[PDB]
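Below, in structure tokens: the form deposited without adenosine-3'-5'-diphosphate (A3P), a single chain.
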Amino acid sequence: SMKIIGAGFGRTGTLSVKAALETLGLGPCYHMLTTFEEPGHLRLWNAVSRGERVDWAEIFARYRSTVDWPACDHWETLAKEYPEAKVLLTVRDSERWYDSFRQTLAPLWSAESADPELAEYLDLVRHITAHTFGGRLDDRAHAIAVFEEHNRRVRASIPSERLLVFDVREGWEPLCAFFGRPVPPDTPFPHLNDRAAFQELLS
């Protein structure tokens, strides 16, 4: 069974959170980039996005946690599928979130590719764009409004004993306290960068 359902949007330090959760023994942790490493997973996520019934174990059987897209948009159904899992809402200053989103994802998500190998990913992020962002990615006011409303929704649905709201600026102490898992003294909190994986996809 899944232990942790990550409900925060991408660009909230998710690759660093992924690493931190794995260090605490709470992985393997799924991330957006896992969909490229798991054969057939983008097909399954597109089926989920279309509203089809998919057995969640076909995606998550070998995982114990998830962060980022694509799963964050499905936090409500995943929290009901895995009732014992905790929910982790990764957050960030809204201006910095949008800066990172427009520097990292908006060009890619807005692109066309002849490459049949990006086609499934593009289908998925086109769905997210339509369903979550109302068809616009290049508008800071609207995108920040979407981010802030998403975070409000999660906080208003999941009971506060089951939800941890976390920004990577806070470091280890809140994860370790919420999950009751130690990290060695003087361990720096991971600050990892996945920008190149997305920026290099098109080329």
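What we label the rigid core is the largest C-alpha set whose atoms superpose within 1.5 Å from one form to the other. Positions refer to the first chain, counted from 1. First, how it differs from the form deposited with adenosine-3'-5'-diphosphate (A3P) bound.
In a rigid-core overlay of the protein, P188 has its C-alpha displaced by under 2 Å between the two forms.
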Given for the second form:
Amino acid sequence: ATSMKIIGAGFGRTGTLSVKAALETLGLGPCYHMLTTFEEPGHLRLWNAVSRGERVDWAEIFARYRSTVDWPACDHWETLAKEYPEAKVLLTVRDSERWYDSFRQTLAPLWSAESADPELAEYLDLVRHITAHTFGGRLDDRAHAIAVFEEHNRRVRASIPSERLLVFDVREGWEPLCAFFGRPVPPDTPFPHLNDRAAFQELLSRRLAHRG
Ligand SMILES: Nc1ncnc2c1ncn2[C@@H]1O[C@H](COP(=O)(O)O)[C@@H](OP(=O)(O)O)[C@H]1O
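Next block, the form deposited with adenosine-3'-5'-diphosphate (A3P) bound, ref. the form deposited without adenosine-3'-5'-diphosphate (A3P):
Zooming out: every chain and molecule, the one shown earlier first.
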């Protein structure tokens, strides 16, 4: 069977696309990511149902996945860790000021957009929901967004038994990730460094064009 082994609790802009690539290389995928929501039909509607508080069977989202990182799932780490008690929790972190610059320059413009494109309505509803419930409706307030990031990270660390949680900065490379799961380090392989910008812009254009 396909079993969920890793719940990613880190926010976007903490290297989650790189971690997705790394986990899949280690045989711990398929790994879910924000980008996956655009590749799985029905999944943005499922995530908005989750966001509204509907009863949603998590298997309808994750049955084919062994790991998840990034939004939208990272906001639901607490429920997911109870759903999947044998899964580890992976918290990716980053220094807060640089995290916010990354968030403000890449995600906030997308999340704050108005679009007349019907194909983006489900996505915008979802990231507006995240803006509302995780950020209290404000993305432009630097100190506030940083306070949300730091409290999110702290609440994960306070809530998950220590042996079940890895706190990881992607700048550390393979070694602590591999050691935590007891897997070998891939030889002569740099840790992935995926910017997670242009890939999403391509998925947006594919969705507007109805490609795939
Ligand atoms: N191996 C690595 N070392 C350092 N930063 C990395 C990295 N892999 C990804 N990142 C940074 O993580 C951010 C993307 O994270 P995510 O996939 O969660 O959206 C990007 O930040 P920047 O916007 O500063 O380039 C990317 O540069």
